[PDB]
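One chain comes next, on its own, written as structure tokens: the form solved without ligand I2X.
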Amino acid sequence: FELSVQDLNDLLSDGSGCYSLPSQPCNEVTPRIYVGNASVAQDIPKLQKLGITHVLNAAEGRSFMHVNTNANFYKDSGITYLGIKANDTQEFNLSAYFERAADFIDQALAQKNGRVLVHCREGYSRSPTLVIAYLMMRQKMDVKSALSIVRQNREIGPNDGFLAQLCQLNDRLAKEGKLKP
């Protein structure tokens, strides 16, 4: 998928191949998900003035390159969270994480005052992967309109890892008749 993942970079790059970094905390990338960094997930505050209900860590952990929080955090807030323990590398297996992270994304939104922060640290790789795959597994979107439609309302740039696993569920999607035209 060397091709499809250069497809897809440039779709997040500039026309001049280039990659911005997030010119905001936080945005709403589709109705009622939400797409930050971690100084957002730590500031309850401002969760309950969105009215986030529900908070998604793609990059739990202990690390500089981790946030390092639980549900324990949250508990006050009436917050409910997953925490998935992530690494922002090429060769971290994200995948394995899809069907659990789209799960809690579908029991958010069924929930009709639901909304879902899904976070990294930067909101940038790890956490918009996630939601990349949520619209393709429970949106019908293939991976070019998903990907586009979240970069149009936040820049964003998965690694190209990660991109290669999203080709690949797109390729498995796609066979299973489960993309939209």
Given for the second form:
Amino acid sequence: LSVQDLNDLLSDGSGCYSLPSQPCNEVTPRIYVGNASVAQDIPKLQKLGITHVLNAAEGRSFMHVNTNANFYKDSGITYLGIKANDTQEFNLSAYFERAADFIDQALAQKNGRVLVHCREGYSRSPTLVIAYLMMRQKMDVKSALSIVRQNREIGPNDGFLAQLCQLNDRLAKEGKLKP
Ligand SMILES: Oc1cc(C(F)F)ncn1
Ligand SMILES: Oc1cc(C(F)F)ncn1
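Having seen the form solved without ligand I2X, could you now give me the structure of the form solved in complex with ligand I2X?
Every component of the complex follows; first up is the chain already shown.
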């Protein structure tokens, strides 16, 4: 397992990452990854059956989505904001546990559906979703990234990829990767 292996898995035959066709996708059952516009479109969110929104890019910058729990007050949607940045040096793994718990809590609900989003739905939000699949559904990093990629064109930055590899080794050694 290397970052290079994950880069390969994200590349088409031509050698290039792809780009999201849609504003969001269901990447695994009841887990959606998506962008700023779906997150701010409550009508769409209900048509999708969304009960929980995880903003993986909470903030005021151009690379952030400036929502909070209040935005969703009278919609009955449950919110969690994470102020993550999309850079190779940003420590997203510090957020994996709290993101994984929020997603587990949403899916524990019978008709629960969670949207994990950032601005483009390409790097932060898919990293959190992968790490969740590894830590709670016992999927190794290659199969977790493969399934998410099969359902949405994504490209986590190489820092995030490194952090998923580190996580993958820990889980492996802990015997936690066996579904
Ligand atoms: O039950 C499931 C299924 C999947 C997907 F891989 F099909 N992911 C997570 N939980
Ligand atoms: O948005 C997407 C992406 C893909 C991928 F497999 F290329 N398939 C279907 N819908």
